[PDB]
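This is what each chain is made of:
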Amino acid sequence: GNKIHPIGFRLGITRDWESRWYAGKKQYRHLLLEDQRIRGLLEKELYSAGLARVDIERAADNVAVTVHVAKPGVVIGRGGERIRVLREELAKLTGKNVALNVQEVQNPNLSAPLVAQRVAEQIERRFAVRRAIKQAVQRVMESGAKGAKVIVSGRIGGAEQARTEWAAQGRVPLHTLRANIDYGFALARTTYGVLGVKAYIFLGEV
Amino acid sequence: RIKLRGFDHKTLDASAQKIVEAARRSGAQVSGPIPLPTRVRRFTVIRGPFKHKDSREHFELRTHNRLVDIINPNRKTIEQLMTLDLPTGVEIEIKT
Amino acid sequence: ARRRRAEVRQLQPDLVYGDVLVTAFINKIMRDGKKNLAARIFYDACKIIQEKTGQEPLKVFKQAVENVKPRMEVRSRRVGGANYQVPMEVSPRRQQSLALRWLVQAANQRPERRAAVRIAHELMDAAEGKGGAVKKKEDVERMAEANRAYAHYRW
Amino acid sequence: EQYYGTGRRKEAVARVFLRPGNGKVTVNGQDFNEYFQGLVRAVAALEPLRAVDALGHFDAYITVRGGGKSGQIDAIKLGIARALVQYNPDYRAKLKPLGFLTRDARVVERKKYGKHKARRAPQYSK
Amino acid sequence: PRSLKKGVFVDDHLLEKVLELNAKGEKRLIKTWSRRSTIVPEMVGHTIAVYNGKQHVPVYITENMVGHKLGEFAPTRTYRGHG
Amino acid sequence: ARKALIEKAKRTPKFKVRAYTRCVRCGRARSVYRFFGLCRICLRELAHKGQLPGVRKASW
Amino acid sequence: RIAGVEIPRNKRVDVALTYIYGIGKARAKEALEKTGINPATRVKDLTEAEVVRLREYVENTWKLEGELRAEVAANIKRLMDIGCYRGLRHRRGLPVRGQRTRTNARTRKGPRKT
Amino acid sequence: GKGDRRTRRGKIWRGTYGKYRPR
RNA sequence: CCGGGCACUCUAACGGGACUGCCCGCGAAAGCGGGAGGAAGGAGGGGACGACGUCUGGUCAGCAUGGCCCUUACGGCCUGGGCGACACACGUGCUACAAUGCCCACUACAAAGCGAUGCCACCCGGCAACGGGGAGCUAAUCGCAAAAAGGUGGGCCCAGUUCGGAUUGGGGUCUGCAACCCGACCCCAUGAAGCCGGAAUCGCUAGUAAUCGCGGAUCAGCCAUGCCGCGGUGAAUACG
Ligand SMILES: [Zn+2]
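Chains as they are written, first to last, in this note's numbering: chain A, 534 to 739; chain B, 1143 to 1238; chain C, 47 to 201; chain D, 13 to 138; chain E, 5 to 87; chain F, 10 to 69; chain G, 6 to 119; chain H, 13 to 35.
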């Protein structure tokens, strides 16, 4: 309830925006709007595939879209079918040239969102929360991350008294600007409410 | 006359510098990139959603402006003009 | 004020008399950083003292200050159930400040409508060692002298 | 012949020029006391010409922009110090000892949210 | 006040209903919601129950109240003091 | 009464002055920035998310 | 002296007119123009013919002391009669121009009463 | 004072223009 | 102003620059005191940055959300009123109680921002608000826009006042469908308390305080003295 969001804390220092497109005041509001819908539409359509990042750049009257995902085939479908199905429905909302593209998640144990999504699905499957955490942090550090922390808030394991559980491992210097640190939040809701899942993946202090 | 508007300076400086090279390859005059003052646009805002009016947070949209112009037209470069590599974080103005 | 001693600022000496003390006395007249107004009001009283008792205004000024510089003052101290007033010496710094503060404030209470005259009359009394600013120095060091028995309560 | 200095003191730009002569002073095309009339403090600007005594030696062509006259004064003060050492590097001796050749770092502190002024916290109660 | 360069504002349905009784003889106390409307000289001698937010306060429109808004006379608040 | 309102704001009013602006994201009425159409909350959220192109924490 | 009252001799004519109820700084600087009279003249320095000219002009260009107060009360009294909210406000001794009655109504309410 | 409309001071403080503070 | 130059300033990116760097003394060192240089010297100034956790802190009314709860209604639409009341009470601010002042006329000096259905230049009318013309301005170039205090000259002469602007009457402009409740602003008149504030209590260690003005967000308009920033001038004092 006191710390800063890490990513916005580092935009343009070590981390870069997820939607790079210059616009005027007359249109920045508008193009921003459908940019969210793309984040929204592609979110549900690709969560099964393991979406990581929705990079959206707007060229001249057309938005070059790049999705980062763990299941590249699961996004495209049968030989790019779903992707071909998507950019159809995609441009149906954007109206402009929906340049839809996929990019693999190299070492998906480093995608804090994917890390969060997996840990969310696990806890959403009623698995041992405290175990999912340590196991999740484990392979991440085992994946080569020089530091990683995971926290979960809310009614842990269905207990009525809310609580925040968390495991850390390796250096996680949130204060250090130049620490390439991956952040991942995961909305994990259960029958007994909602659980929060924050994923901190320290990568490099370049 | 060509202005450039973007949010990054690196992209602009990257994108703009290549543009100055274009006429620098086949045109003139290559008026160097003149960095206009960058219109900043702040956004004070309260951190929390509820009260605590005091604890704020600021933001900004530094729309960096860079301007390169060709003195002589050099219509051979005119096609070279439209044949430009504009990354997504830069916008172009065209006049003389 | 625990770690360092917070050393005093080096006042820029005045243009006219080349003095820091003069520049010091200006600022006590200065309101809202309106130094230009306060600068004139001093320089106006400069002419007045230069006119009424025509002498060196500077020499009259410093003579005025020395006639009003205190050297012994009480200090409140709630020793036991008694809020004492320990008499104390004064470093030349606070000697000047108390002097400068009084001469202004005493000058801030004369009846004449303008300030530089009030300053002029004040410096006139002050250089003569008279007036409220002098009385204040008189009263304080007297009152400071009244409680000389409490001297050992000093700290 | 021509000698140049810059002035910066709390948003005051001061371009100074030292052309030798009888010591004329121009501020954006005006006499010194002309542009600075009614300013008690506006005599200390020309002070560096008293450290080294070329008062009636160098004719000053000076421009100034931004900030009130007070800041414009010191900028010219630091400004005139520049061209002087430009003229004579030996002038640095007896100026740096007087600190005339160091810029005033004091600037308007940024106003903080939650504060009326830079540090004017609003009076509270309990 | 309202820009007299601009027309002097009165609701259409209000004024028409006014002139109707002006046509068909003075009668038929008129409920109304147009507190924002201005009394017009024709309204004199009419009686209208202006709505206060809860009720229609019947106000008899005289000449002495012509140059005003209708809401002025249906007080939209109830205060009787303290204690 | 929110959803109808956050839809009622979308339709056009009987008078142009009734056209008030809600956050396109959270539907908030207050602190709705014309430059975004977002509430100050959703502004902050998307800002930290890095979705707002160019927007960044200003520290002067 | 003048219409209902007198202006002090030791004061300039501009402030002199203002002491008339129904004469502020505005008309004070005006009657001098319409009567061509020096503003800087003290009332002790005013000539008879200039005064009577002043007296004749201003005292018919406007109603000032009693005739002016009556219209005010006439306006105010008739409001109480018409029962208008404005008149409603006056009959309560409350701020008639929509000010905030919850606090800071002293000028209309005077002394505070716990 | 600053709060007096009729003074040009006021229309400065109030930030307006009128008979007492033209443009 | 133009040709001309880019010097200068600036603009805005990239760099260098301050690191006890160096000399002295003290100390085992850490470091400490002094010195030089140096724009900056010893954390250079300011900022962003807020650990484990505490407050069952706050928020289900931003949003999301378990559950409970209403379904011809606690849901949805409309018109209006209310949120603006008012004996009172508290907090936070603004304006003053004046001559270091008030008012008036002239002359300066900023920064930081905003602007295509907006800035609106300039003209005219109009006491004015403002209205009618109307250029440019898509933005370093057009405008907003005057910075204000300050300086100059004059008046005021200590006055509940040429202080004070509260309240109120009237006459108007503007936005808005519509300014009664419940806008702002212009003009006349009205000209309240208030003569530095008990108990008590607050902020501030420097470009700070104080005072002066400017911009922006929301916004048709504004109840903005608020908020967030910008710059003008510019203090005292820290013995401990
Ligand atoms: Zn929102």
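One thing to keep in mind: the hints can contain errors.
Simulated crosslink set (EDC-like; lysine to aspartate or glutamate; CA at most 16 angstroms straight-line) [to be verified]: (1) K536/A <-> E1199/B; (2) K108/C <-> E187/C; (3) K98/C <-> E112/C; (4) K66/F <-> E1199/B.
A few chain C residues that don't get close to chain D, going by computed Cβ distances all over 10 angstroms [as the list claims (entries may be wrong)]: (5) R50; (6) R77; (7) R86; (8) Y89; (9) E97; (10) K98; (11) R124; (12) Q141; (13) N154.
By construction, these hints were calculated from the structure, which means they are not laboratory data.
Every residue gets a Cβ at the ideal spot worked out from N, C-alpha and C, and that includes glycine.
Worksheet item: So which of those numbered hints doesn't the model satisfy?
Response: 2, 3, 7, 8
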